[PDB]
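Use the sequences and the hints to build the structure in full.
The lines below spell out each chain.
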Amino acid sequence: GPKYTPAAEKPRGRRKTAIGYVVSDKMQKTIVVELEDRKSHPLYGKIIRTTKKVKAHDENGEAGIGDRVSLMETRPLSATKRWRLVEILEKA
Amino acid sequence: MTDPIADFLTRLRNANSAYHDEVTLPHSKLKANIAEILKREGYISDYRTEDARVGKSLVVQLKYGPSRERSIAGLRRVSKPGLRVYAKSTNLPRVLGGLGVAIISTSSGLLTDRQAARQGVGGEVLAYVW
Amino acid sequence: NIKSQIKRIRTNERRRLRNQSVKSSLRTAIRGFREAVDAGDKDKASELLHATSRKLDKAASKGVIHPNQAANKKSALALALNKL
Amino acid sequence: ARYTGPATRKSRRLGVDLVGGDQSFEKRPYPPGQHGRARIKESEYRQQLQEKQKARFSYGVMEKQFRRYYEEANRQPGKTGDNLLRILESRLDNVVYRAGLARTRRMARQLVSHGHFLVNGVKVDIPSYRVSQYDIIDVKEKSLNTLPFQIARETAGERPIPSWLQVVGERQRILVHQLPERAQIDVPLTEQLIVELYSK
Amino acid sequence: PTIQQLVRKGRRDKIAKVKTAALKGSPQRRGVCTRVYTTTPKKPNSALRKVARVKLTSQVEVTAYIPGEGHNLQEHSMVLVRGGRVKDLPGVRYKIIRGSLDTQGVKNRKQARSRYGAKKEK
Amino acid sequence: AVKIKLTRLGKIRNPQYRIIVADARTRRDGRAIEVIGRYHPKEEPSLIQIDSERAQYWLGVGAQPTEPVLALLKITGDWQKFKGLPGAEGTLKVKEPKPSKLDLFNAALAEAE
RNA sequence: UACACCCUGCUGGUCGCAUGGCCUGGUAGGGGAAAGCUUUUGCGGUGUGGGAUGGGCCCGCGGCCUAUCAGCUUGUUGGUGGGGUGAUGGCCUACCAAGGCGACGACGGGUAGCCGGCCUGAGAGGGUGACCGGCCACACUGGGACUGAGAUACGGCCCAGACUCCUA
RNA sequence: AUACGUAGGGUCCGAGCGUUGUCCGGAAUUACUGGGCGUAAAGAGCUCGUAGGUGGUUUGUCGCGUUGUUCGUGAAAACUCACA
Numbered sequence: 006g007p008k009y010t011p012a013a014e015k016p017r018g019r020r021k022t023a024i025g026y027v028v029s030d031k032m033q034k035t036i037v038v039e040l041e042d043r044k045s046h047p048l049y050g051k052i053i054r055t056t057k058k059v060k061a062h063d064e065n066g067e068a069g070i071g072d073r074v075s076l077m078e079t080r081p082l083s084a085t086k087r088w089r090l091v092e093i094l095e096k097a
Numbered sequence: 003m004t005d006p007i008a009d010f011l012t013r014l015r016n017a018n019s020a021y022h023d024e025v026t027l028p029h030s031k032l033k034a035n036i037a038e039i040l041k042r043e044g045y046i047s048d049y050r051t052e053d054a055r056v057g058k059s060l061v062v063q064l065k066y067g068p069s070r071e072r073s074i075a076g077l078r079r080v081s082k083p084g085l086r087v088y089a090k091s092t093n094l095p096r097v098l099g100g101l102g103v104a105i106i107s108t109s110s111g112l113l114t115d116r117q118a119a120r121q122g123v124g125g126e127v128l129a130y131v132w
Numbered sequence: 003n004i005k006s007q008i009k010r011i012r013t014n015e016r017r018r019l020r021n022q023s024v025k026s027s028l029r030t031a032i033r034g035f036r037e038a039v040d041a042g043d044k045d046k047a048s049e050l051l052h053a054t055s056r057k058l059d060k061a062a063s064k065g066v067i068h069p070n071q072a073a074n075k076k077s078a079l080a081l082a083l084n085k086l
Numbered sequence: 002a003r004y005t006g007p008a009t010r011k012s013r014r015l016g017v018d019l020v021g022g023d024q025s026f027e028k029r030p031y032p033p034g035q036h037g038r039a040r041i042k043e044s045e046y047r048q049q050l051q052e053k054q055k056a057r058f059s060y061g062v063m064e065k066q067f068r069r070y071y072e073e074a075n076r077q078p079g080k081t082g083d084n085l086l087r088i089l090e091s092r093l094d095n096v097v098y099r100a101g102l103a104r105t106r107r108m109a110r111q112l113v114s115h116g117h118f119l120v121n122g123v124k125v126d127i128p129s130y131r132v133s134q135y136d137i138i139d140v141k142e143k144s145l146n147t148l149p150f151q152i153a154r155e156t157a158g159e160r161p162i163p164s165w166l167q168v169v170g171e172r173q174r175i176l177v178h179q180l181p182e183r184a185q186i187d188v189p190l191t192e193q194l195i196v197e198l199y200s201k
Numbered sequence: 002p003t004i005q006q007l008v009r010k011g012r013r014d015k016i017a018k019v020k021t022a023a024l025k026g027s028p029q030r031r032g033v034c035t036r037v038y039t040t041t042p043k044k045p046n047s048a049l050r051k052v053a054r055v056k057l058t059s060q061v062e063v064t065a066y067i068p069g070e071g072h073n074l075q076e077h078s079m080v081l082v083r084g085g086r087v088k089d090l091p092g093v094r095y096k097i098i099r100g101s102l103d104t105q106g107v108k109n110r111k112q113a114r115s116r117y118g119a120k121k122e123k
Numbered sequence: 002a003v004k005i006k007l008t009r010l011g012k013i014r015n016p017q018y019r020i021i022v023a024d025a026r027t028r029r030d031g032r033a034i035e036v037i038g039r040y041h042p043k044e045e046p047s048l049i050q051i052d053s054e055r056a057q058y059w060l061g062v063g064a065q066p067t068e069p070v071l072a073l074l075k076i077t078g079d080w081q082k083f084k085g086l087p088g089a090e091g092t093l094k095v096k097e098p099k100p101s102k103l104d105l106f107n108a109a110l111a112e113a114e
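Protein chains in written order, with the deposited numbering: chain q, 6 to 97; chain h, 3 to 132; chain t, 3 to 86; chain d, 2 to 201; chain l, 2 to 123; chain p, 2 to 114.
Some clues are possibly wrong.
Unchecked claim - DSSO-like cross-link-like pairs, simulated, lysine-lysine; straight-line CA separation at most 27 Å:
1) q/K57 with q/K8
2) t/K5 with t/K25
3) t/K85 with t/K44
4) q/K8 with t/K60
5) h/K82 with l/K10
6) q/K8 with t/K25
7) p/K82 with d/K124
8) p/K43 with p/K102
Claimed, not checked - Using C-beta positions, here's what the derived DEER-type ranges look like:
9) t/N21 with l/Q60: 57 to 65 Å
10) t/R17 with l/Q60: 25 to 33 Å
11) p/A25 with t/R17: 47 to 55 Å
12) l/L7 with q/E78: 31 to 39 Å
13) q/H46 with h/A54: 51 to 59 Å
What the hints assert, rightly or not - Here's a subset of chain l near chain q, in silico, CB distances under 8 Å, partners left out:
14) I4
15) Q5
16) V8
17) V33
If you are wondering where the hints come from, they were derived from the structure by calculation, not from laboratory data.
Backbone N, C-alpha and C define an ideal beta-carbon position, used for all residues, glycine too.
Structure, rendered in structure tokens:
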């Protein structure tokens, strides 16, 4: 038979992507983004709404304070920075 | 002031209980449809909306039979603020074991227990009257 | 505790002792290539990169270093030559 | 396992026929002892306890085997009162007794003790054996030729065979057909008290 | 009551109300008894009840009752203490098993015949 | 590597076996990747019921049955499909026909009357 | 000798998740192996392409208590370039910058392996991780290293103590 | 003294039968289901307001919450139904 036998494409993607607001675009190639949750309480039923301060990598510095942006998770790119700013749709 | 629909139901309860044969109300579409379905199933006599303070006003006549007896048995908002309530297609509660009727604000609009059971969508129930 | 495998003890001592000299020699060659590249001489760097791409590839074919560490070092020295 | 005492004293205490034809119990219907005459502090507790004790002592069944009867009856889809009476009317010794082939409950108890019966071809020395519908039943010849068992089989003028049991030949073949039905059992005092008490 | 305030905090039970304190909730412990002096029960129940104070192996010093009529235990005895509840006596919530490690069963006990360490009559 | 194994089940005196596929480094009763058969020496015909085509796949990728597992494979004729040397045929025996639940009482009634 | 493979220089096409991915891309330069025994059912060796299964890393979410525990934080955070690693990544390291974490409870004190489950309870709920199963951690103690595809290496090793034993 | 102790005599259970230890429910005795706070437990001495929760009438959007649906999915045993 052929010397070379081929491989597969392992359908890949769907890295977690969500809409956040840039809030601490302060450090070089670095932004901090926040998210919203709306979850029914396990016991009572009072839907609580909380947040989360993810750290994202901006190689370009496009974002800024209070911008409605989107983020996809990457490979771990540093100690607490695991997000890629893509599909920006609001500033300020 | 926090809750308008609870005050709607409280006024219905007091006015019917205190033997009044009518009640007047501001006309926000929510309570409008609540009283609309109420007369639809016949726990009240008839509702009519006219013009008032900047909005409009709905006036509700309570159905009383041969004596001063109310077809309404009672009213209680369930999906209140701070405890808003959602329900699904399967476990659609049966009011008074199924005797009564309820309000369930479906994604397709507004439906009761039996209607939503015949159809099968859920998401938000409200007060029930029996 | 002694149980029917001191032969493994001697085997592992030998296996980890040969790699000591092998790794010392390879690291000395790599450091020499480092002085070649930092000195700014490109012919010596090219020849040392050639020799080390031979040597570390041999060592990876042998049982001293995993295949990919050798490729990493080969690429690093190759770029060090390519830019000097 | 097995109890020891006779049935006359328990008959008198519980105040019901446990032998069925106990001459001495009707001779002394009051409970045994110096104070069977003395009136009891009546309680529905006593009513239910008397009911369950009559049920236990009538068939030769015994208490721990009796509790699991109620538990499995409650596990059944039907109402527990029906299921308990059905299963208590579904015992191997009960099946062979209602055919009129044993003059006493202890008759069948000691018969299954000895191994004088056969269900579907397998010998079961276990009175707690369950006999299903359409089971083939037979009696061994060693007991068949025994004199008192000859009397029991040939003078079987005892209680009639219920519709769910059918002795269909000289081989004492009790070709069971259906379950003991509530409309067919003709049970002694009911068991709703047992269900209500145990459920609490 | 302020569902949100429940989310903030709340909904804990009141108090354990512990009963046994020998140790480990032990079905029984063993130890050395002392101070076997008899004290007085409540005035309406005028009598005198024989008790002792036992230092159990659990390294706690508790008060045990001596049930029955006769006793076998004395000072420096390997008494097996079990939990009990004697409302007739103040602060006495223990007993010592008869027919056991140290204390011989109560002599000629026949109404109980299992308690009080009364073995089977031959 | 990978091996097709017999794993033990049932109570003490009567053994039963599930034909599983698993790593060697596991134990006799580890997490089965897939149950592909079952077998019981205790029952009369040593009756075996095997998921066939999954075994075909696993033999294709290189599953290596245990010695009695391989014996069972031959007992099925499954080893005559992946290897396919003579072709696959029914090799295992079967439990005897035996009467039914209803015909027993039918015959009993016929005998009685 | 390999070019089946890897590294580099350039470059064509192609899919994109941005790093990039695919054409054993190509090109050109460079480099990388092996085995015998045995007649004997034959067993065996090297390299690569693929399966299979075993894995290694990261993340969503779930599940102790205690401010009579409210500040914590400098390799901490981000970037850069490297060292190192199987691969990412302050993992490490030189510089740069000052961030980052918390009342939606940090940082502390105490406490505990955890789940399929099991048991009670009508239900919710509550209590447990017996055994049978699923993983993890640990194998005088504490530090260190080894090898192999793979090591807290329980019946592998060294070093610092403990303890014990033998002792010229 | 039918309560003690003793005898019968009776109740029940049975190779068991009682005692201790622990957990759940009964307890609504944490009251989400399913509690209260004038006199029984419970409105700080009184203000404002950060955090937080929390919302008037009405137009269009989004469908996050929420619901509807397809599928992957939740080892075996679990536990149950049904069969042997």
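Status of each hint after checking the structure:
A threshold of 27 Å between alpha carbons decides the hint, and for q/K57 with q/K8 the separation of about 53 Å lies outside it, so the pair is violated. Taking the CA atoms of t/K5 and t/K25, the gap is about 32 Å. The hint is violated against a cut of 27 Å. About 9 Å separates the Cα atoms of t/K85 and t/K44, which keeps this hinted pair within 27 Å; it holds. Using a Cα cut-off of 27 Å, the hinted pair q/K8 and t/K60 holds, with the two alpha carbons roughly 24 Å apart.
In summary, the hint linking h/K82 to l/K10 is supported, as the alpha carbons are separated by about 21 Å, within the 27 Å threshold. This hinted pair does not check out: q/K8 and t/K25 have alpha carbons roughly 35 Å apart, beyond 27 Å. For the suggested pair p/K82 and d/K124, the alpha carbons sit about 46 Å apart, so the restraint of at most 27 Å is broken. The straight-line distance between the Cα atoms of p/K43 and p/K102 is roughly 23 Å, inside the 27 Å bound, and the hint therefore holds.
Hint check: t/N21 to l/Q60, Cβ distance near 59 Å, so the stated range 57 to 65 Å holds. Remark: the range hint 25 to 33 Å for t/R17 to l/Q60 is contradicted by a beta-carbon distance near 57 Å. Evaluation of the 47 to 55 Å hint for p/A25 and t/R17 yields a failure: the beta carbon distance comes to about 25 Å. Here the CB-CB span from l/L7 to q/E78 is close to 35 Å, well matched to the stated 31 to 39 Å.
The supplied range of 51 to 59 Å is broken by q/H46 and h/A54, whose beta-carbon atoms lie about 40 Å from each other. Annotation: l/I4 was flagged as interfacial toward chain q, and the flag holds, the nearest CB pair being 5 Å apart, inside 8 Å. Given the 8 Å rule on beta carbons, the hint for l/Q5 holds: about 6 Å separates it from the nearest Cβ of chain q. Because the closest C-beta pair between l/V8 and chain q is about 5 Å apart, less than 8 Å, the hint holds.
Nearest Cβ of chain q to the Cβ of l/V33: about 51 Å, over the 8 Å cut. The hint is violated.
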